Each structure stands twice: as C-alpha cells, then as structure tokens.
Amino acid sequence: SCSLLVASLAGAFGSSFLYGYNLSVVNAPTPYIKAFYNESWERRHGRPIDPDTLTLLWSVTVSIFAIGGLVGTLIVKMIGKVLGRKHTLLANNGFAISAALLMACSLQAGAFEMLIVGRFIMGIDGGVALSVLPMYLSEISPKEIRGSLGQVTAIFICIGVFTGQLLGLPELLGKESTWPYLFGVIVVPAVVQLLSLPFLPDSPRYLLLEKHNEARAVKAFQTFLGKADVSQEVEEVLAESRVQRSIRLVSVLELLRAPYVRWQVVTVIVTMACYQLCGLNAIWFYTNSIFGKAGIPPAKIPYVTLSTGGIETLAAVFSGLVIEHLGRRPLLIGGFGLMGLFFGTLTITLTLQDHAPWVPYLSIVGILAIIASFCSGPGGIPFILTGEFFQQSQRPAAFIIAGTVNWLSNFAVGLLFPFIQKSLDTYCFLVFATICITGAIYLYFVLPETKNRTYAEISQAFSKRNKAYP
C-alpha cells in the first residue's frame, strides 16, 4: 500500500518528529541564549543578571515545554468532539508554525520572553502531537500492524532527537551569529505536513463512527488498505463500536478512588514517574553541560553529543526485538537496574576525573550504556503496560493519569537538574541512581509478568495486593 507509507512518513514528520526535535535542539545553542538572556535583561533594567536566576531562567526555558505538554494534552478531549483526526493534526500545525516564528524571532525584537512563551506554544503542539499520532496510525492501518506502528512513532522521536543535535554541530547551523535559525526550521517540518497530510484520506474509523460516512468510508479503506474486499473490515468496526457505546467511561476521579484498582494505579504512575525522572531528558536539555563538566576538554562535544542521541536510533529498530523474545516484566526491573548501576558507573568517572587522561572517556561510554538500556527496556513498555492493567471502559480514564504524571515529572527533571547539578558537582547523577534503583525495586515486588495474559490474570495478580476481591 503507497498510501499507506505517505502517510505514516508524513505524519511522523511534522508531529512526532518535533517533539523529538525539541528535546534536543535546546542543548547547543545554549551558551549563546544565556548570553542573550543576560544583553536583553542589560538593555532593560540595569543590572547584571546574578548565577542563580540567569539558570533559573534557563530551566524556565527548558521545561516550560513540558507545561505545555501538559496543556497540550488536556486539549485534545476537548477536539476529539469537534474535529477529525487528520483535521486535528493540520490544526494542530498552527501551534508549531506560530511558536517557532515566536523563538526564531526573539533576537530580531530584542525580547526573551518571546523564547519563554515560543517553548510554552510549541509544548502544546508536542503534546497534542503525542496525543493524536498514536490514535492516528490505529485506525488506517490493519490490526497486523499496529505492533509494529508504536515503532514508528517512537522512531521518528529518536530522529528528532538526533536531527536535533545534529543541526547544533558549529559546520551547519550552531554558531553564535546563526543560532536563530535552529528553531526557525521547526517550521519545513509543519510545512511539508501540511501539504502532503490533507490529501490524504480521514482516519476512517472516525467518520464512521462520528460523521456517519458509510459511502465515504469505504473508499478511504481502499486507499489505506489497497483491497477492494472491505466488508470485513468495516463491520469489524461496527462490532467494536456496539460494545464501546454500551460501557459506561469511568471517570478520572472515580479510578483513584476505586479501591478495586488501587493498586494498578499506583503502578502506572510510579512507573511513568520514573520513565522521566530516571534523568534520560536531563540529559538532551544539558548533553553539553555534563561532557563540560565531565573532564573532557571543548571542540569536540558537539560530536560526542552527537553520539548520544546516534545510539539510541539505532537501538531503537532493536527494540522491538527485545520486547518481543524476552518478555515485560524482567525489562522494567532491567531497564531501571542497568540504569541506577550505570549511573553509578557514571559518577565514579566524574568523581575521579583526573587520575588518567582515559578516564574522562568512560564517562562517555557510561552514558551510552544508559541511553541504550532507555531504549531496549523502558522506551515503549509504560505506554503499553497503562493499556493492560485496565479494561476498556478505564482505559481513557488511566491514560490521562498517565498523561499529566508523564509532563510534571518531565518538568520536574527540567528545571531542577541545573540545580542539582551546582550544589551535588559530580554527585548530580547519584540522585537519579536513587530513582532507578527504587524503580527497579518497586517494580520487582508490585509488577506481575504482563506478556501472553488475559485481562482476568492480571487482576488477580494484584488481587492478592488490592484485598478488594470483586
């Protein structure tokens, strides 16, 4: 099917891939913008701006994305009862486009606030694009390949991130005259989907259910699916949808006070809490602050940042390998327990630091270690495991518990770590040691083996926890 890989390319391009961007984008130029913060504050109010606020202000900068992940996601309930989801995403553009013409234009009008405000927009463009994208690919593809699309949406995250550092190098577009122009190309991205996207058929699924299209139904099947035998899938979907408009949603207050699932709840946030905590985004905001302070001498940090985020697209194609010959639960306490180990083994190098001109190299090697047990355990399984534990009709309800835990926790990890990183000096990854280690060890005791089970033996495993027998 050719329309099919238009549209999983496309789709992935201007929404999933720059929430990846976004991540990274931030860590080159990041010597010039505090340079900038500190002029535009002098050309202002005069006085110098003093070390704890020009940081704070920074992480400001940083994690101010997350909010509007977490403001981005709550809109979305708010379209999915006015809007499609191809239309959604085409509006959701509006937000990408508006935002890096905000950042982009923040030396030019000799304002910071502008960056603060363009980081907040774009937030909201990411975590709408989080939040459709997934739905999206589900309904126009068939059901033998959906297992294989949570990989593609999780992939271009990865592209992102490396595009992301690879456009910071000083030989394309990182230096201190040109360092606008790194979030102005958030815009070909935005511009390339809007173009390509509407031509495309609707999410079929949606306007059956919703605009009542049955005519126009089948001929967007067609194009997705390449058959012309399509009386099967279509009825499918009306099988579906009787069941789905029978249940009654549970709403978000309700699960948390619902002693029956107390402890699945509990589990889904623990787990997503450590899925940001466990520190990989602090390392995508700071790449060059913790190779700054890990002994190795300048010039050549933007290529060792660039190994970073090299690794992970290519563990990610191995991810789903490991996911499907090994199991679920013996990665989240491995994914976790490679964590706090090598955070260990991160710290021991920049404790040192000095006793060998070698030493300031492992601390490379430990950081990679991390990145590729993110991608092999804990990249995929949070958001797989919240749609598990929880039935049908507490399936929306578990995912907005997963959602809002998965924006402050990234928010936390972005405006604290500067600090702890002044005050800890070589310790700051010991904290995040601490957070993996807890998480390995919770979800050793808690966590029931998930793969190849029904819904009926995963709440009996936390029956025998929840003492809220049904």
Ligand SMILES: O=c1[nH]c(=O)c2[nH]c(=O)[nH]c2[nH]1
Second form
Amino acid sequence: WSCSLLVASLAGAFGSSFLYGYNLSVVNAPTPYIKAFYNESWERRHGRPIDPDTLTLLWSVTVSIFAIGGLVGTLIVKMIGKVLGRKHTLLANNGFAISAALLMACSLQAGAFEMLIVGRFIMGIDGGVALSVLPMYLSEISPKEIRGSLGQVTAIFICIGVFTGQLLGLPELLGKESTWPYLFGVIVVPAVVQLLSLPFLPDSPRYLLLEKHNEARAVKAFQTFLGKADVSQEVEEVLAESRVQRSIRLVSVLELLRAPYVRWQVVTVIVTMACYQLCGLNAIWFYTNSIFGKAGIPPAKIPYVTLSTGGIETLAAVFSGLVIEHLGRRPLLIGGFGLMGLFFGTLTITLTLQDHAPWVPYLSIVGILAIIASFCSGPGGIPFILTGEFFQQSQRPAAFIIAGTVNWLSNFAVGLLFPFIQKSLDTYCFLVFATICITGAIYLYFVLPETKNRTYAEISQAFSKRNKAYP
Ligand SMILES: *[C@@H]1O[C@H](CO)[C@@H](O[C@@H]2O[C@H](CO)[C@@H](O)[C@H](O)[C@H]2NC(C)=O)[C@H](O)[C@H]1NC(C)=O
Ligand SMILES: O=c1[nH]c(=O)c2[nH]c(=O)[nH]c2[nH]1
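Cool, the form deposited without the ligand is there; where's the form deposited with the ligand bound?
So here's everything in the complex, that chain up top.
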C-alpha cells in the first residue's frame, strides 16, 4: 500500500459506491412522512383527496425510479468513457450527485412532489455511472497483487452505505417529522468530500498510456501508486497487452445475443443477474419498516430493529472474502439461492402464525437476518465476476451491457411491484421470492460449470456440449 492508493481507494468509494448503498436505504425511514406530503401536495394542486392506490403508486414510482436512473447512467458511460478519462468522470459525475441532492432536499419548501421523483432519477444516473467507472479506475491503478481484493472494497462501501442510511433515519437523528429533507440534503457531504480529494491524485496509468498517449505522465502515475523506483515493466506490459488487444474485432450486443457458440454463456448471465435482484433483497432494503410492521413487531421498536439489518449486512460483507475464494463459484451460487429458499419459506411460516404465540414475531427478525447473511456470504459479489470469466476481451465489453441491463430492469421490476405483491397476498408474499430463488438454484445446478482455478479454454469447452457449436 501507498498513501495515494489509500485515498484513491477510499475517497473513490466514499463518493461513488457509498452513495449507491445510501440511496437504496435512505428512502425507507421517511416513508410515512413523504407519503403524507404527496397527499397534501395532491390536494393543493388537483383539488381532491388522493386515492389509496394512486398514493401507493406514486410511492412505488418514487422508490424504484432510481433503477431507471441507473440504467440511463450505465449507458451514458459507454459514450463518456472515450472522451473524459477515469478520474475526470468521477469528478464530472458529482454534477449529478449534488444537482440531485439539491432537488430532493428543497422538495418540501417548493411544495411540488415532482422535484423528489425527478431528484431520485438524476441520483440514479450517478448510481449507474459511478458503479461502472469505479471498479475500472481501482483495477487500473492498483499493483497487480491486489487487483482481486478491491472487488470487496467496492462492495463493503455499498454496505456501509445501506447501514448509514438506516442510522440517520432513527427518530433520534434526522428521521423526525420536521428534519426529513436533510436525509436527502446530507448527500452533498460525501460528494464534496470526494471533489476536495480526488483532483490532486494522478489519473489512471493505463488511460494515460493507451488513450491519451503520454508515457511521462503514465510513468509518474505508476510511480506514485506503486511506490517504487522502476515501473518500465508495467509500462511495457500494458503496451504489450494493447499490441495484442488492438488487433481484436469487438462483438456487438445484438450479435452476441444471437451467435450459437456462446448461447448458454448469455442465458446463464441473464438468469444469474435476474435472480440476483428478483431474490428480493432490494425489497428488504427499500421497504424494511413495512415488512417488520406487518410481522407484528411493536410499532415503537421498528426503527431500532431495522438498524440490525444493515449491521448484519456489513459484517457479512467484511467476512465475504474468506468464502468466495475458498469454496469456488458453483457451491456459492447454488448455496445462496438455495438457503434464501429455506429462509423465505420459514419467514412465510413465522409471518402467518404471528399470533399463535407471543414470541413468534421475533423469529421473523432472525429469518430476515439469515436471508441477508445468506446473500453476502454468497452471491453478493459473484455475478459481476462471473460475467467476466465466461468471455474473451472480444465479447466481454458487450456482455457487460447485457448483464448490466438485466440488473437495473430487475431492480426496477422488484422495487416497483413489491407494495402490490404484498397488498395482494399479505403474509404469503415471500413465497414469490422463494419460488424465484429455488428456480435460480435448480437452474444453476443443471448448468453452471465450476470457474475457480479453471482457464477460459476449459470453461468454454464445458459449455460447448450444450451450445452445440464452435467459433
Ligand atoms: C389524506 O389526508 C387527509 C387529511 O388531510 C386524510 O383524511 C382524514 O383521514 C382520517 C382517517 O381516516 C379521518 O379521521 C379524517 O376525518 C380525514 N379528514 C378529511 C378532511 O377527510 C386522508 O385519509 C389522507 N389520505 C390518504 C390516502 O392518506
Ligand atoms: O453487497 C451488496 N449489498 C447490496 O445490498 C447490494 N445491492 C446490489 O445491487 N449489490 C449489492 N451488494
């Protein structure tokens, strides 16, 4: 480690990954105060009281519109990444983080509810842009000794995000009736702590050697991050990789989706990425107070019981490293989506017998904590790794658009629908996530070949038996 690599890692993550993790839990705690402002703001403009379904819809849209922001933001990186660079994107990106926080936090004074829905969208653009650039920036600057470890550092800062959003929402802090706009207005601090930190650090070495054509700056960037005298070895390596890679014909998204010699590597990334969101963990983050409310937990205690979830999330993510490498890929993706099946099952029991005894509701807490801990000691970080290990650099840039598009449309499709599933089934609503998790686990059992300590040549050979075609 070196000083510049610490601040590049931390002030990178703290303004770019943490504000994804925060933005998918900050919306939980002020739920009963925001829905109330919609009610009034729909009377003083449209001249009649808001009906319960329209109110449930405006909230379902306010929560989930973030994911359409994430989709739009992901497809903006494809175009911007050729022009600005790695460092300057994570600066210019905080145009969105600040311009979205100043929309949302003024929504109560201005009286119009559009500013909060549009604010969530532009805040989604940040979450789509900065999750796509931060992994590439970190893995371009780092010594070739830890490029594997920092995949846990982008993830732990999501969890410390979802936890901080659950802490400030306690009624001791900003989650009161009067202060709720500052839950959104505080997003300016992580953004400005990044803008007053990253500019002084070097831009990524690679970008300064393969796209901006400056060896002297590339050497300075390598010397500053690696903290050693000679870097000609990495300079030559990166140019050597480029001398190979520059010959490659890239595959287009529409062409990758159809060719037979990769068909099960595309189906197995769409089916992993769908279940990674439709397993419903984001419905547990956005709507936790509703879930614990209907479980029969005492109304006065739900803010404090909720805070445990972001805790057990963060402890799970911190200990994620020492299972992902030790167990390989196959018994984790059949493990996680298998145990989330058992725990959505037993949750549905404890929600339904919630009044057959006085102690049962507190087993619905343990049920949901085991759903969280089965995800992070498990699938939490793996699908974006597997998307890389199935494909060559010829295909991989297009594969990340398929695997990125399925992700955001699934985050949207569970964040928007959950209030309507819950209203229609009551205590049995979690049998939907039980059915999708176990369908994911039965699928990956019959398809996914092991990936740890296996070459691209071996993996592709295993899929050839069902692709029934070759390059
Ligand atoms: C929207 O707000 C109004 C109040 O501004 C709510 O109406 C009150 O609801 C309570 C509980 O049912 C009644 O005791 C009051 O008499 C109602 N007041 C009026 C003026 O009707 C209304 O329920 C809210 N709507 C929703 C769906 O939240
Ligand atoms: O560790 C994670 N926790 C989440 O809550 C989450 N959500 C997401 O999209 N990726 C991750 N990763």
